[PDB]
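> Using the sequences plus the hints, can you model the full thing?
So you can see what is in the structure, the chains are spelled out below.
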Amino acid sequence: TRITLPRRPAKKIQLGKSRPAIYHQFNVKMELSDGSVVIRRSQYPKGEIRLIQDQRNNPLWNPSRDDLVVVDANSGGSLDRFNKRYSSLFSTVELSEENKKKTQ
Amino acid sequence: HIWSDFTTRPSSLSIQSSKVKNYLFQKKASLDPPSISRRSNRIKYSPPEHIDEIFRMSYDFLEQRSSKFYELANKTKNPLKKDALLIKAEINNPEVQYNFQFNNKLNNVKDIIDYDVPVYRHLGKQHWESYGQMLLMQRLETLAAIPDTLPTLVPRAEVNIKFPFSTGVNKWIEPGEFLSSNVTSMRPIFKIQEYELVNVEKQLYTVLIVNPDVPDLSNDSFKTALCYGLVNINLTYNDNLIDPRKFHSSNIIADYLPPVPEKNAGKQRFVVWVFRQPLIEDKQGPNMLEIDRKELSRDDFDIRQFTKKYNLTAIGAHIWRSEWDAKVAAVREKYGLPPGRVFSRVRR
Amino acid sequence: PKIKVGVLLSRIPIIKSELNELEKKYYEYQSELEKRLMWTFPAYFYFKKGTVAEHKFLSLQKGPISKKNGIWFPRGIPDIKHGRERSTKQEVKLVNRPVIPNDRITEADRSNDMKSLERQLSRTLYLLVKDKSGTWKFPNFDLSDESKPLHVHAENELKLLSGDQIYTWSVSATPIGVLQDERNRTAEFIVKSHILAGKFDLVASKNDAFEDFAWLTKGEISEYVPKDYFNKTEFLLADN
Amino acid sequence: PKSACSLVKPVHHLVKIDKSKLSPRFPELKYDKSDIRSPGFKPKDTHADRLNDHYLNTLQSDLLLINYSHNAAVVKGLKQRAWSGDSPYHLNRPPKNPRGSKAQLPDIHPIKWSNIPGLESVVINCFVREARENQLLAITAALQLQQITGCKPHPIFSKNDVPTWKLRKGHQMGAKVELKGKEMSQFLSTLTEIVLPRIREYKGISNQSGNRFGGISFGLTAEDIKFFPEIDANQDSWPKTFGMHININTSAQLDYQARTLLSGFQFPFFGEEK
Amino acid sequence: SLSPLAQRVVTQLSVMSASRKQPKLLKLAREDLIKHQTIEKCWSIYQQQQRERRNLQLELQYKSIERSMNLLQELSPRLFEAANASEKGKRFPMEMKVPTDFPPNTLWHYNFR
RNA sequence: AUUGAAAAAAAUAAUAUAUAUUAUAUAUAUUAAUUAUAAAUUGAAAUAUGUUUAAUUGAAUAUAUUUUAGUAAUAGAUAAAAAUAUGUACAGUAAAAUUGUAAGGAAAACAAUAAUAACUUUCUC
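Protein chains in written order, with the deposited numbering: chain VV, 20 to 110, 122 to 134; chain 11, 20 to 367; chain 66, 23 to 116, 136 to 281; chain EE, 19 to 292; chain 22, 34 to 146.
By construction, these hints were calculated from the structure, which means they are not laboratory data.
Among the hints, a few may not be true.
What the hints assert, rightly or not - Within a straight-line C-alpha distance of at most 25 Å, the following computed BS3-like cross-link-like pairs (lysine-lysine) qualify: (1) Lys115 (chain 66) to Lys70 (chain 66); (2) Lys40 (chain 11) to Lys123 (chain 22); (3) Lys200 (chain 66) to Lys123 (chain 22); (4) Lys244 (chain EE) to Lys221 (chain EE); (5) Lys47 (chain 66) to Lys40 (chain 11); (6) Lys115 (chain 66) to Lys200 (chain 66); (7) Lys31 (chain VV) to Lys60 (chain EE); (8) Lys74 (chain 22) to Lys130 (chain EE); (9) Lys189 (chain 66) to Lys47 (chain 11); (10) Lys170 (chain EE) to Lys184 (chain EE); (11) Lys90 (chain 66) to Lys111 (chain 66); (12) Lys244 (chain EE) to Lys47 (chain 66); (13) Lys30 (chain VV) to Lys48 (chain EE); (14) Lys60 (chain EE) to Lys123 (chain 22); (15) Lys36 (chain VV) to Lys37 (chain EE); (16) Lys200 (chain EE) to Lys111 (chain 66); (17) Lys268 (chain 66) to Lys48 (chain VV); (18) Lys94 (chain EE) to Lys130 (chain EE); (19) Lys190 (chain 11) to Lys353 (chain 11); (20) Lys273 (chain 66) to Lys259 (chain 66); (21) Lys37 (chain EE) to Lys124 (chain 11); (22) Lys31 (chain VV) to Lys96 (chain 22); (23) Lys51 (chain EE) to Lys198 (chain EE); (24) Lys144 (chain 11) to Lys39 (chain EE); (25) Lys70 (chain 66) to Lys170 (chain EE); (26) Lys89 (chain 66) to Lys60 (chain 22); (27) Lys36 (chain VV) to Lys48 (chain EE); (28) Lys26 (chain 66) to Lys173 (chain 66); (29) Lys268 (chain 66) to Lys96 (chain 22); (30) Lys282 (chain 11) to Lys302 (chain 11); (31) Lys51 (chain EE) to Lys30 (chain VV); (32) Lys24 (chain 66) to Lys189 (chain 66); (33) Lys123 (chain 22) to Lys96 (chain 22); (34) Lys74 (chain 22) to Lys198 (chain EE); (35) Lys170 (chain EE) to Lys65 (chain VV); (36) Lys115 (chain 66) to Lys65 (chain VV); (37) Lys39 (chain EE) to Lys124 (chain 11); (38) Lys57 (chain 22) to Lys101 (chain 11); (39) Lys40 (chain 11) to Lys181 (chain 11).
Okay, structure coming up:
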């Protein structure tokens with residue numbers, strides 16, 4: 020019932036002729052949420068990449084900072100449309127109007 | 020820049036080829052490797068990129084270290100410490116490494132590898148210990164040359180042997196090798212290379228070739244025979260090839276008699292031992308010793324008693340093997356020996 | 023003898039340390055060896071058949087020289103597999138604005154500001170203060186209550202000194218060194234700690250022992266501090 | 019064969035013989051793997067290492083100070099007990115097992131300038147149980163490991179036969195990889211800097227985790243593996259991705275020292291410690 | 034006859050394999066071999082010196098710790114016990130981050146909590 | 001040899017040529033390859049005369065020849081997953097139990113679990 024691809028007769032790699040494995044890697048630049056950049060070795064042919072969510076904008080790794088904005092992927096799903104759809108209500123008036131319910 | 024100086028440093032601490040020196044110390048990658056003789060191959064070759072400036076900086080670093088070592092060596096007094104510091108100073112020299120790695124170490128040329136120099140002596144010791152000494156000890160142990168002749172051996176010198184006069188061909192005998200009676204008919208020559216601090220002006224050496232396999236029917240066993248013996252021999256780090264040029268009849272305590280095995284008498288082992296004589300102080304000149312030739316047995320030899328009596332310490336050894344063939348009778352006739360005995364095929 | 027509590031506040035490097043010329047050259051040489059012994063790039067897996075990305079990658083790349091009968095190739099007959107000449111290294115060229142790294146040298150670097158916490162982003166800074174005399178030395182405090190440990194005393198004293206503008210973390214309650222004296226019969230105990238956020242900003246104006254402050258590294262500390270004090274405190278400071 | 023009787027003949031000298039040097043065979047295996055003449059040559063130090071440099075510059079001194087204990091002494095571990103010689107039957111009797119354990123335990127030395135804790139290796143374990151029905155998932159897992167880490171993966175093969183789980187023996191169920199030096203430094207750096215922050219509800223590593231003699235283990239799921247740069251770059255080539263365990267082996271004499279070291283490398287911890 | 038999944042995994046294992054991807058063996062002249070030997074010896078010596086300098090610094094620091102502990106023990110046992118109190122549960126601050134190779138936009142933060 | 005460029009080298013080994021010895025040795029010469037092996041109209045390269053093009057050059061089109069792609073595991077003298085049960089040479093040490101770790105639980109897979117006095121080489125005060 021199992022599916023497997025057949026084993027071909029392995030080529031014999033003689034004693035002393037066995038070379039190491041050096042896969043092709045690029046010196047890729049990786050930008051964090053802040054302006055910091057780290058050079059690293061990657062096998063993907065992309066020399067440059069930036070991150071939107073990472074260590075530099077996580078509360079657990081950033082306890083001391085007072086203000087810390089969070090963000091997610093853009094142009095995907097229906098995110099932020101729950102705000103774009105309602106323009107009449109906008110940002122402290124709602125906070126004041128949410129004072130109490132007076133129910134018991 | 021001490022490595023560029025040669026006022027006191029021996030001239031052998033430099034690459035004698037101007038082309039290779041210039042290529043190794045080149046400023047820009049404009050030259051080509053002299054090792055690659057064919058131009059075609061020189062054009063095909065491509066040296067690793069960014070290799071000459073890193074080489075210059077590593078050279079400078081190592082040379083500063085060597086200069087410090089020379090500074091401390093010029094002030095040390097104990098000869099052992101002086102030699103050790105010299106070795107540590109010149110061990111990392113690219114020129115020394117080039118010379119030793121890519122020039123002969125056995126038939127060394129004084130101007131490339133000089134064994135008067137501590138660094139070359141140390142590199143030679145390392146090279147010998149890598150391959151040659153291990154093979155020698157394996158052959159001695161496996162062929163049972165150690166316990167049969169002498170209790171043990173702590174190798175401290177490289178001994179090579181050859182039979183140049185017998186046939187006319189040139190070959191250093193591999194230890195434990197089988198040689199024909201014709202090959203070993205005439206005489207062996209030795210080469211004893213020393214790698215330790217030894218006073219060349221006082222030290223003397225002896226060499227004994229013995230066969231601990233000559234049958235003895237009185238007790239149905241074997242016995243040892245002194246094939247060859249020389250005493251009071253002086254060597255030098257670069258001139259240490261013993262041959263009838265470098266010794267007299269007074270050095271010969273037993274003229275050479277050839278390997279002459281008997282038919283069905285088994286494979287006989289001829290073992291070479293090199294000893295260094297005692298080194299007495301407070302006295303000038305080499306300390307020569309007289310061998311009691313009326314006590315020397317020459318056919319019922321006892322090597323352990325001999326060395327114990329004359330206070331000798333072994334520093335090197337070699338061995339070959341012999342067995343009967345057709346030329347044994349001719350050798351016997353040529354050396355004036357009686358016709359050989361013939362023993363049974365079965366060991367009962 | 024009277025007990026005294028000293029503290030050395032350190033700012034850790036913010037960026038990777040600089041490389042000496044030997045390190046730089048060794049690294050580039052080894053990198054070129056690696057590139058020479060490097061595998062072929064398997065573009066057939068990172069760019070699928072007939073796709074625009076594959077087309078543009080191929081356009082970017084420059085092909086090798088193929089072997090053809092009737093020609094002479096002085097460097098050797100080409101031996102290519104998967105598009106690389108096996109006898110040489112292989113070079114591959116490759136809200137979306139390009140990555141522009143920030144300069145490693147700051148306005149504080151160029152203005153030689155001795156107080157800003159940016160004078161060396163790659164080195165380790167250490168807080169030094171000036172007493173009434175002309176001898177820079179690490180901050181020291183007296184204590185007689187003895188109801189609190191050395192590091193707690195140091196932290197509270199630094200907080201009060203900076204006027205609630207320094208955030209400091211104590212590495213350990215264990216003192217890191219001692220300085221003895223005979224004339225004043227005082228034993229001064231040092232405690233290690235790091236700076237996390239804020240600014241020092243000496244506040245007290247009633248002429249405490251502290252007069253002027255600086256954020257020097259090891260070499261500048263050697264140049265500023267007395268020789269004996271440096272011999273007695275040097276090993277407590279990090280080289281980089 | 020006349021007999022099966024192993025026996026090593028004694029020697030008459032102190033010279034150590036290695037027969038690999040006396041055999042003319044295998045000339046290229048005589049070179050060390052660090053020697054440029056060896057086909058096994060691979061350049062080691064190609065670039066500086068931020069994590070190692072940080073640990074050498076800052077964390078060694080702090081760890082020494084933290085772990086200092088005045089006039090401390092070695093705490094010997096559970097070792098095999100010896101029979102008191104009050105009965106003759108104790109003459110050649112094998113020693114007893116350690117009091118509480120069937121295996122001996124190591125001694126704990128005080129922390130000193132020569133034995134500060136540090137990272138020594140990282141091992142990633144990927145056992146795809148669903149590979150029992152499909153052998154190709156093992157290859158996919160190996161590629162996941164290679165892309166994440168950059169080292170050569172090694173296959174994992176089934177060893178036990180468990181019917182309830184339908185696990186046979188002798189089949190390829192996944193892949194493993196061991197990391198050292200700059201490569202493990204990079205793997206940990208990328209983990210902490212990119213992947214762990216992108217987990218949904220991540221509090222850290224359990225404070226009651228790790229073998230009792232230094233070493234901390236924690237896992238990652240498939241969705242967590244999707245956060246690595248290589249997978250995100252080419253999502254198309256990753257219809258399915260597999261989780262894995264991560265085992266960090268350090269020089270720590272005990273586990274809490276390793277926890278402090280990893281916290282220095284920015285690894286959060288949430289649970290209550292033993 | 035193979036499936037598209039089979040082709041995909043064969044491509045993945047092609048990326049695995051070393052077949053038709055490695056270059057020729059690196060053969061160096063004798064002179065360049067000697068150059069490389071000197072490079073490696075220099076680097077090895079250098080790294081040994083760096084390691085030993087760090088080790089000496091830690092030795093000196095440990096000596097300082099023990100001298101200070103002896104002094105504090107004999108001067109005030111209360112402070113000595115407070116110092117010798119264990120830090121079994123200690124963790125490093127979460128913003129004592131490992132250095133990166135290019136600095137961030139806001140170099141330092143001057144406010145907290 | 002030609003081919004970017006003005007005395008020749010002095011090692012182990014390998015290859016080519018040659019001749020010494022009832023000695024698998026010596027002399028000169030050079031320093032190749034070391035992951036490969038048929039079959040591909042269809043993917044990708046390099047090679048000419050018009051070309052548009054500025055001495056070139058160039059980038060793009062057309063064809064003739066050739067090259068790459070058959071994309072396949074071990075890269076370690078591998079070492080207690082499954083496969084070669086007889087020879088020889090080299091080399092190594094299992095097993096349980098305990099503590100942890102995504103799914104994982106009693107039971108899947110990985111990691112860790114006895115002591116360094118003495119002897120070397122290296123670095124360093």
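> Work down the list of hints and note, for each, if the structure agrees.
Results of checking the hints against the structure:
1. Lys115 (chain 66) to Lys70 (chain 66): 18 Å, holds
2. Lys40 (chain 11) to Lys123 (chain 22): The given pair, whose Cα atoms are some 60 Å apart, is violated under the 25 Å limit.
3. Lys200 (chain 66) to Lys123 (chain 22): The hint holds at about 22 Å.
4. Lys244 (chain EE) to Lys221 (chain EE): 19 Å, holds
5. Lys47 (chain 66) to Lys40 (chain 11): 23 Å, holds
6. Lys115 (chain 66) to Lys200 (chain 66): Roughly 54 Å separates the two Cα atoms, so the pair is violated.
7. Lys31 (chain VV) to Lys60 (chain EE): Distance ~21 Å between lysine 31 (chain VV) and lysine 60 (chain EE) Cα, so the pair holds.
8. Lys74 (chain 22) to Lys130 (chain EE): 30 Å, violated
9. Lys189 (chain 66) to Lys47 (chain 11): With Cα atoms ~68 Å apart, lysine 189 (chain 66) and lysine 47 (chain 11) exceed 25 Å; violated.
10. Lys170 (chain EE) to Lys184 (chain EE): 29 Å, violated
11. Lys90 (chain 66) to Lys111 (chain 66): At roughly 22 Å apart (the allowed maximum being 25 Å), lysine 111 (chain 66) and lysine 90 (chain 66) satisfy the hint.
12. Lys244 (chain EE) to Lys47 (chain 66): Violated, because 37 Å separates the two Cα atoms, which is more than 25 Å.
13. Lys30 (chain VV) to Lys48 (chain EE): Since the Cα atoms of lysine 30 (chain VV) and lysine 48 (chain EE) sit roughly 23 Å apart, the hinted pair holds (cutoff 25 Å).
14. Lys60 (chain EE) to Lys123 (chain 22): With a Cα-Cα distance of about 40 Å, the restraint between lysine 60 (chain EE) and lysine 123 (chain 22) is violated, given a limit of 25 Å.
15. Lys36 (chain VV) to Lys37 (chain EE): 20 Å, holds
16. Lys200 (chain EE) to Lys111 (chain 66): 23 Å, holds
17. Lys268 (chain 66) to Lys48 (chain VV): Roughly 45 Å between the alpha carbons, so the hint for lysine 268 (chain 66) and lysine 48 (chain VV) is violated.
18. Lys94 (chain EE) to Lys130 (chain EE): 17 Å, holds
19. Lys190 (chain 11) to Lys353 (chain 11): 24 Å, holds
20. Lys273 (chain 66) to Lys259 (chain 66): 13 Å, holds
21. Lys37 (chain EE) to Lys124 (chain 11): 23 Å, holds
22. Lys31 (chain VV) to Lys96 (chain 22): 57 Å, violated
23. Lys51 (chain EE) to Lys198 (chain EE): 16 Å, holds
24. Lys144 (chain 11) to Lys39 (chain EE): Distance ~16 Å between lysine 144 (chain 11) and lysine 39 (chain EE) Cα, so the pair holds.
25. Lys70 (chain 66) to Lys170 (chain EE): The hint holds at about 24 Å.
26. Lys89 (chain 66) to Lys60 (chain 22): 23 Å, holds
27. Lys36 (chain VV) to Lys48 (chain EE): The given pair, whose Cα atoms are some 12 Å apart, holds under the 25 Å limit.
28. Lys26 (chain 66) to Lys173 (chain 66): Roughly 18 Å separates the two Cα atoms, so the pair holds.
29. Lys268 (chain 66) to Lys96 (chain 22): With Cα atoms ~21 Å apart, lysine 268 (chain 66) and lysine 96 (chain 22) stay inside 25 Å; holds.
30. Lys282 (chain 11) to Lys302 (chain 11): Violated, at about 52 Å.
31. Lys51 (chain EE) to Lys30 (chain VV): Status holds; Cα separation ~22 Å.
32. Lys24 (chain 66) to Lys189 (chain 66): 16 Å, holds
33. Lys123 (chain 22) to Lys96 (chain 22): Distance of about 23 Å is within 25 Å: holds.
34. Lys74 (chain 22) to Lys198 (chain EE): OK: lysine 74 (chain 22) and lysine 198 (chain EE) at ~23 Å, within 25 Å.
35. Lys170 (chain EE) to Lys65 (chain VV): Distance of about 21 Å is within 25 Å: holds.
36. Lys115 (chain 66) to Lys65 (chain VV): This hinted pair holds, its Cα atoms lying about 10 Å apart.
37. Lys39 (chain EE) to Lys124 (chain 11): 18 Å, holds
38. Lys57 (chain 22) to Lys101 (chain 11): At roughly 47 Å apart (the allowed maximum being 25 Å), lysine 101 (chain 11) and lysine 57 (chain 22) break the hint.
39. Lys40 (chain 11) to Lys181 (chain 11): 36 Å, violated
Checked against the numbered hints listed earlier, the structure breaks hints 2, 6, 8, 9, 10, 12, 14, 17, 22, 30, 38 and 39; every other hint is satisfied.
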